[PDB]
Amino acid sequence: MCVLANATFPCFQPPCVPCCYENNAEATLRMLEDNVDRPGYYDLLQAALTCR
Amino acid sequence: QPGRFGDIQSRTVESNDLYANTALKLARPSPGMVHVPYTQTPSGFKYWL
Amino acid sequence: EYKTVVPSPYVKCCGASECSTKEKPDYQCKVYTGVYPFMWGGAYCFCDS
Amino acid sequence: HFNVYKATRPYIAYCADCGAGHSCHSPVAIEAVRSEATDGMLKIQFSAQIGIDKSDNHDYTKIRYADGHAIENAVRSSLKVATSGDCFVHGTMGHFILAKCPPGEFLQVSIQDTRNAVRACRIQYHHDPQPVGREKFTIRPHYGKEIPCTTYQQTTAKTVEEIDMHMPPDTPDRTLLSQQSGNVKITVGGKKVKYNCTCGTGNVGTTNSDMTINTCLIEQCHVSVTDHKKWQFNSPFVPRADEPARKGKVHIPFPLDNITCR
Amino acid sequence: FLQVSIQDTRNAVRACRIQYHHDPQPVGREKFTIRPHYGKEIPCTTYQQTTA
Ligand SMILES: *[C@@H]1O[C@H](CO)[C@@H](O[C@@H]2O[C@H](CO)[C@@H](O[C@@H]3O[C@H](CO)[C@@H](O)[C@H](O)[C@@H]3O)[C@H](O)[C@H]2NC(C)=O)[C@H](O)[C@H]1NC(C)=O
Ligand SMILES: *[C@@H]1O[C@H](CO)[C@@H](O[C@@H]2O[C@H](CO)[C@@H](O[C@@H]3O[C@H](CO)[C@@H](O)[C@H](O)[C@@H]3O)[C@H](O)[C@H]2NC(C)=O)[C@H](O)[C@H]1NC(C)=O
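Residue numbers (the working numbering), protein chains in the order written: chain A, 1 to 52; chain B, 1001 to 1049; chain C, 2001 to 2049; chain D, 3001 to 3262; chain E, 4001 to 4052.
I should point out that these hints are in silico values taken from the structure, not numbers from a laboratory.
Ideal placement from N, C-alpha and C gives every residue a C-beta, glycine not left out.
Warning: the hint list may mix true and false statements.
[Stated by the list, open to error] Per label pair, the in silico range of CB-to-CB distance:
#1 D:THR3187 with B:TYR1019: 50 to 60 Å
#2 E:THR4050 with D:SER3023: 14 to 24 Å
#3 C:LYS2012 with D:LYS3230: 18 to 28 Å
#4 C:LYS2012 with E:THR4051: 25 to 35 Å
#5 D:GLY3189 with B:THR1039: 42 to 52 Å
#6 D:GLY3189 with C:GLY2042: 12 to 22 Å
#7 E:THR4051 with D:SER3023: 23 to 33 Å
Please model the complete structure; the sequences and the hints are all you need to start from.
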């Protein structure tokens, strides 16, 4: 349900997996700020900053 | 009314709408400073308690 | 008991900010002119007044 | 693991008096104090988050604090919270701290510096706890009743609470300008800075390298570091960046919970 | 009361204590404790650190 410009992806699997923050923090936070109103915000927060 | 029981009212715990009458006001910042002043009557539930 | 929410202020350097109304409980907004804020490293807003 | 604290940074705000009656921009500034638990525990917000290292790794000994757009580290000992008397620190995570204090008329928090200097902040706060029941006792007995009450627990799980975060504003600084002879030099090191000089033709913009204007003195230029990679906080003492706001969310630890007291 | 104390040369504490009623009140019309971030300026007095 989360949206990136013209992507409209499910929030479990944003297209930045893996290491969204590590590859580009700027873009990850700019995208994650755009989705504060969506109910699936916290799942996207969990998936955006979790990698090994 | 502000400062008394029921200054803010909500029709139910889950209700989305809220009535608030607390006399909130803003003031100019002091020169060379960034702080958003305000004065605002203390709570009426606390006062009632 | 209520809770007053106060966001960080918006400062425009050589500009004016136009007050925008919105539907919040007991909402308050103002714009003040001629500020020259300072921060820890110095004063930003080259623009004098 | 999860580590939400890798997108968040400590910040510098204003403290009205720093333990001496004078004001300065301090890294230990106190935001709201919450006292909505019946046993009489407080939740203070720092501006320096405690429990994580400079290098972002969890640690029970290191605490993070801002030092002039550069993050520094301090030892968990020497964290003192006090009122008229002296408080007992129960919890510790992020910006938040839990303590039980004697009645008083203010409270201050303080930590050591890297140079072993005390940095503090006190605020006026009227603390007068009253225990639940029909008696105003001070200490629990060895024989008594149990009455229900509430506190803050030490769980740091999903909490259903909010903090608004946002990108920090462009911090101004004037230590980066050097005038040699009719030319200016701007220092570097991994920080892209903005400049606006009223000397000649169009010479504004951002940079990651030194240059020489060769024209004017330092009375016309300035530097604003634009560290823009990680969230800080939505604090009324630091300005915003853009007109319609950007915003974010982070859960806070220590939720309110039901217990019984004797 | 108040006392003043210091360590000795042999690392012993030496103290002296007197009875003194201390009850300061700020200048103005409010009995506050800590200065606020927003208020007025009222003239007062102090002891300076100059030794001239
Ligand atoms: C870099 O700093 C300079 C200040 O030296 C900024 O220039 C200032 O820009 C504002 C807005 O364009 C000017 O205000 C204008 O004033 C004229 C009257 O002369 C009025 O007709 C306009 O409607 C507007 O109010 C301001 O005068 C100008 N300062 C000077 C000395 O000319 C510049 O904007 C800064 N650059 C950036 C990117 O922020
Ligand atoms: C301390 O314990 C009391 C007593 O249980 C808590 O009050 C109760 O909290 C529950 C939370 O689930 C409430 O249940 C709710 O009931 C509504 C009914 O419309 C339901 O729609 C919700 O989904 C939810 O299940 C309950 O109403 C509430 N009050 C009672 C039982 O009188 C209190 O929250 C506890 N305090 C804490 C945990 O800090």
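Starting from the range 23 to 33 Å, see whether the pair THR4051 of chain E and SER3023 of chain D falls in it by beta-carbon distance. 26 Å, holds
Consistency of beta-carbon spacing, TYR1019 of chain B to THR3187 of chain D, with hint 50 to 60 Å: 55 Å, holds
Are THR4050 of chain E and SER3023 of chain D spaced within 14 to 24 Å by their CB atoms? 22 Å Cβ-Cβ, so the 14 to 24 Å window holds.
A range of 12 to 22 Å was offered for this pair. Does it hold for the Cβ distance of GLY3189 of chain D and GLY2042 of chain C? Given about 19 Å between the Cβ atoms, the range holds.
Supplied distance hint 25 to 35 Å, evaluated on CB atoms of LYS2012 of chain C and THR4051 of chain E: Since the Cβ atoms of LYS2012 of chain C and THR4051 of chain E sit about 48 Å apart, the hinted range of 25 to 35 Å is violated.
At the C-beta level, are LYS2012 of chain C and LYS3230 of chain D separated by a distance inside 18 to 28 Å? At 24 Å between Cβs, range holds.
At the C-beta level, are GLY3189 of chain D and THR1039 of chain B separated by a distance inside 42 to 52 Å? At 45 Å between Cβs, range holds.
Hint compliance for this structure: hint 4 alone is broken.
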